[PDB]
Amino acid sequence: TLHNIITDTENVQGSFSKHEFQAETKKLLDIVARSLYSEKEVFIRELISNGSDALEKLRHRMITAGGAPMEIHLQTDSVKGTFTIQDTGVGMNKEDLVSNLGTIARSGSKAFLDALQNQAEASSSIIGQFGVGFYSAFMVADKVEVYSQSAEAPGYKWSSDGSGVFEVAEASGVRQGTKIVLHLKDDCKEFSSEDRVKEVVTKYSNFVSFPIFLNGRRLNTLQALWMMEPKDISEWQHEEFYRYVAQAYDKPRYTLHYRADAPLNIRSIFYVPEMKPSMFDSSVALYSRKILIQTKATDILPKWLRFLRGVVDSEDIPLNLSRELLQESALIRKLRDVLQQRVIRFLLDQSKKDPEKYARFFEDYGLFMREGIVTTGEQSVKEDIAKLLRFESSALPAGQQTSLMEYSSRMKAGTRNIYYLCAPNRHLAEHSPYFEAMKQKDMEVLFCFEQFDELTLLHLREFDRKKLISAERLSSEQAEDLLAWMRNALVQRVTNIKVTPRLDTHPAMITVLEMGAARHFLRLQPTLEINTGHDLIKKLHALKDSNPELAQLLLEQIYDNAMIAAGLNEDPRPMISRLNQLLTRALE
Amino acid sequence: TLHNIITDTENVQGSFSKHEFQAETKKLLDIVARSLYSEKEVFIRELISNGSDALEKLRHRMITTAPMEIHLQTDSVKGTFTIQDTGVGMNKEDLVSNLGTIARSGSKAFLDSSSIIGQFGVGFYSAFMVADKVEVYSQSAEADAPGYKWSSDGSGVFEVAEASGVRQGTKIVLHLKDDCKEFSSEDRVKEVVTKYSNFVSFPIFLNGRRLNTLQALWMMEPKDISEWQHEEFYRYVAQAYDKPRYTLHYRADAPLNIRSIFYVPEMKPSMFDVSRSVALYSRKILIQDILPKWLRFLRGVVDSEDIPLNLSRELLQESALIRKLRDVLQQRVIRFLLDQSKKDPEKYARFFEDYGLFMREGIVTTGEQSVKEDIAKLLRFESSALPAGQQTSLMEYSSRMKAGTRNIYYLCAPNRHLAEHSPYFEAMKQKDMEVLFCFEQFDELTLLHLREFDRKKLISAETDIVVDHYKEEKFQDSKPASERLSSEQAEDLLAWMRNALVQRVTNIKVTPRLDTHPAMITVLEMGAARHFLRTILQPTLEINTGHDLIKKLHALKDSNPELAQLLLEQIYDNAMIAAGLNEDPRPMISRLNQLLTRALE
Ligand SMILES: Nc1ncnc2c1ncn2[C@@H]1O[C@H](COP(=O)(O)OP(=O)(O)OP(=O)(O)O)[C@@H](O)[C@H]1O
Ligand SMILES: Nc1ncnc2c1ncn2[C@@H]1O[C@H](COP(=O)(O)OP(=O)(O)OP(=O)(O)O)[C@@H](O)[C@H]1O
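These protein sequence lines are chains A and B, in that order. Take the first sequence: its letters are residues 85 to 151, 154 to 239, 242 to 369, 376 to 566, 588 to 638, 653 to 717, numbered as in the deposited numbering. Take the second sequence: its letters are residues 85 to 148, 153 to 200, 209 to 372, 377 to 388, 393 to 639, 652 to 717, numbered as in the deposited numbering.
Chain A extracted, bound-state conformation:
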């Protein structure tokens, strides 16, 4: 029932020829100047990047052959519609003008990197690699003019329109550096506006090492903090940087400055906002050699760590030809694993340095850990994230938190079972029929009140090589006569009316068998328990026959009071109208 035509029937017949690969140049220029970048505004990023490379080469030459400042200069002409950019770097002679700008995929900045020592400072700051970034000017310009003056012993002019030809001629007088003039298109006249160009520079090239002037005014007044020593950075510097990199306006409660040299080069700073996120609403930016690649990174961090803010910079991460994506690499997948373990080991340290501060962190961002244990499919990671979880216990007072490592610490030496009971509040967990069995023979049980706590431990399955298993006055006849009267007035409200001695001050309480049904009600088969020794109960027994219309309101109120005290009713607005009627009839 199969059908395939691929068969080994071909054989080499005769001799063969030899040819080299070619390249249609006229078509290739159009590819770079159109179908390469998702935005037209990219040309500003590349021309500034090519200028910074020219500035870095001159700085490196002045180390051994030391001899004006550096920095790059821009200018916009809103009338003629021209975008001009000029650096005062190394420049280019006539040979380097025809070789570099005239040949696609040729990058003199790449050959410069391969000739330097790997310890040289310019070896980790040159941006060029491929050799096509310059041709992004033809995407927004009908005519490109380049003036350059080399640092050796005449200036030249490089002019082209992007149609497969260019002209070179002498010029005078060209300043030491390289000047580029872009006669913008009609649909690209927005790039002659000082405001629009300023928006583009602050997006990609805001952290260039050298100063950047726009019509005579400096822009990039911001320094890359992820490149400095974590000790020489003050707290007010991180607070000022977090508001920029995260587009927020508060202070980062946690700050992680990670610097590693084992997988590639990691110069990253992570933040945790102090304000809790909500519905009425950036992420971690990806830089490479101080240039923005992705505003919201996708491959370097897991999904459950998207609440982190900051920036991750890598000098040797495989970049895409568009400089806005990353290549599929085993180095990037291992980078995500190292970062996941570092953030876990970092938040664990904050839980020991300040449990009070970590408890505030787990209340706001605790849902991300519960999301991580469920989403991931690696069991060793599910237990690494579980070390961050916090729960209340049955053998501990209310309001105090403990970890799964603390629970396994206090367990009996002859047992290896983690027992938990996920209930709404504590009044429903302490009065659980499945917990009362674990209160006699068995010992400790975890109380998980937070949302999505059940399926988190259900997807956790195993922790610390151990299983998590969900642990799931009035006479004797005067009460029964009152019981039979309460069941008839509460037919379709509760399913069982009991009498228990544990009440004293409260005339009633609400206990529920299954806690999964208690959450579905809060999205039910309650058990109303009555104290035959309370004042309101003995008044209810005496008013069920003397004033049945008055005892009907009291019964409905005692049930509602037990529902509120049990957390089942948090908005007692429906009872206000009936409660006011009870007070007036009780104050006659």
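Hints are supplied without guarantee of correctness; some may be wrong.
Claimed, not checked - Simulated restraints, written as ranges between beta carbons of each label pair:
# : chain 1 : residue 1 : chain 2 : residue 2 : range
1 : B       : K229      : A       : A350      : 43 to 51 Å
2 : A       : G304      : B       : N353      : 53 to 61 Å
3 : B       : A453      : A       : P318      : 55 to 63 Å
4 : B       : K166      : A       : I321      : 52 to 60 Å
Said to hold, decoys possible - Residues of chain B placed beyond 12 Å of chain A at every Cβ, according to the derived structure:
#  : residue
5  : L310
6  : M315
7  : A350
8  : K428
9  : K578
10 : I693
By construction, these hints were calculated from the structure, which means they are not laboratory data. Yeah, the Cβ is synthetic: ideal placement off N, Cα and C, and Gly gets one too.
Using the hints provided, position chain B with the ligands relative to the given structure of chain A.
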């Protein structure tokens, strides 16, 4: 004060020399095979699309009969991926010019329909990402041509030799490198085909078995698609098991080219996925926002011939068109959802009950006022001029308003019975205005961010009651003066209440606007006060001197003064609960139980 270097000073000296742009071919192939495509798997997509182009060149050629299909074979033992199509094939000249030249595309000179995927001329070189050796056997059409074998290692050179036994078409054999042994697996290759090339207009065979290629339903007439076809297509693009309750098949040619299908799942949206969706295609090939954040519940596919692709075929090149395309789709979905309330209001009442949280998000998280009001047309409330259970909208509220009115009054309550008997509604019934009833949790937060609708201000009932104090309090009680406390008995009672509620209320005043309730708490910005408590204030207690509970409170302060204070604290708590401003209602049960005991003798 300024520092500029650029000055018009350069002048051309001597004549110029003309040159031609050149290309470094050895490094061009290195860029394609390493730094062009972000994911290695796309080499299967490019080779399949090259076979679909060759088959389309034969489809157009057969109309001046042979099988037209694509075959894939995986050899995990020899580490070999083989693709063979029965298309036009290439002669010796085509093998050297089309394949041996970067950026050269024979699928461009073929011009003179819209079923050819080839464009740039570099897609064939995507095989070198995963293969050390590429063998290509091609046979031209019925013509004066023999068979040939195209061979290359991927480094600068290639060899072409004549071959026999070359079937009509083209066969490419990829000797996979050890880095990419995943592509010699049948399961892995089938994942790549169904991802990118699941809508190819030709059959695809993998190791002998025919792959279930689907049909591009977004490129066909809507009136030729049955409900059962939209069911099966929704279960694929959304990867679901249910069926869509709504189906929008929107096509357009102005101002943009749009060929899209949208679905609304009949399942309620999982609350775990809301805090934690529509594909994009082009020429039946998968491409990887397009819809606003509040429309993330919709599932489907959007196609547009006006969206340019990049070289790697994974990026959209017009962020302004994407922003314009997003607004056009938003207005269409708004009209589509508005037409669903007209045809079946009961079904839309279910959809608004399951997805209404998305429409409220799109109103709060939007800066444009007109977008706030366009989405607001989808909201549904109940009116005080309509029977219980009947839903209405802001549009229907605006038509009922008289010529003199200029505001839209609304009231938020848990259910209908509380809104009809709310103390804030009894004060509104003295007016002749219509009041909307909002029962959802985040309805008041939405109407505060909406602010106005159709130049009419949204005023909550609790706010309008506070404003009338600063105007003419020309209202009258529901009971005659014989049933109320006298002015001497009222001031004597008001002074005692200010002393027992010193630091809990700003001031206490009498109001003639209550009938059933003894008191109510009024705050100016009541809507924001309820939102701020979801983590004191300046509240105002307004008593009803005709209520039996207040008249008894005036007498209790002289017969049982401690019982009167416990009652006053309870009236304040009840007025705070009914206002939605109550904190934790559990610590008050103690005083309530103690108050009910002393009252019941
Ligand atoms: N402003 C400038 N001053 C001096 N040299 C320059 C300038 N701009 C470009 N060049 C030279 O021209 C060459 C062409 O660079 P091109 O922009 O084509 O690629 P790249 O910048 O090296 O790398 P990428 O293609 O990744 O941007 C570079 O190697 C560089 O040495
Ligand atoms: N299997 C095949 N049979 C016959 N002709 C082919 C085959 N594959 C490619 N060709 C021809 O050789 C040319 C080589 O094109 P190539 O695959 O390199 O890029 P492209 O598909 O034209 O461009 P892009 O992939 O960027 O759209 C094509 O134009 C096509 O006409």
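Checked hints:
Restraint check, B:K229 to A:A350: a C-beta distance of roughly 35 Å breaks the suggested window 43 to 51 Å. Distance hint check: the CB atoms of A:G304 and B:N353 are about 45 Å apart, inconsistent with the given range 53 to 61 Å. Look at B:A453 against A:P318: about 57 Å separates their beta carbons, and that is inside 55 to 63 Å. Range check, B:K166 to A:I321: about 56 Å between beta-carbon atoms, so the 52 to 60 Å window is met.
The beta carbon of B:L310 sits about 20 Å from the closest Cβ of chain A, which is more than 12 Å, so the claim that it is off the interface holds. With a minimum CB-CB distance of about 23 Å to chain A, B:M315 clears the 12 Å threshold, and the non-interface call stands. For B:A350, the shortest C-beta to C-beta distance to chain A comes to about 20 Å, beyond the 12 Å cut-off, and the non-interface label holds. Remark: the non-interface label on B:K428 is consistent with the geometry, its nearest Cβ contact in chain A lying 14 Å away (cut-off 12 Å).
With a cut of 12 Å on Cβ distances, B:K578 stays outside the contact zone with chain A, its closest approach being about 28 Å. For B:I693, the shortest C-beta to C-beta distance to chain A comes to about 6 Å, within the 12 Å cut-off, and the non-interface label is violated.
Comparing the model with each numbered hint stated earlier shows that hints 1, 2, 10 do not hold.
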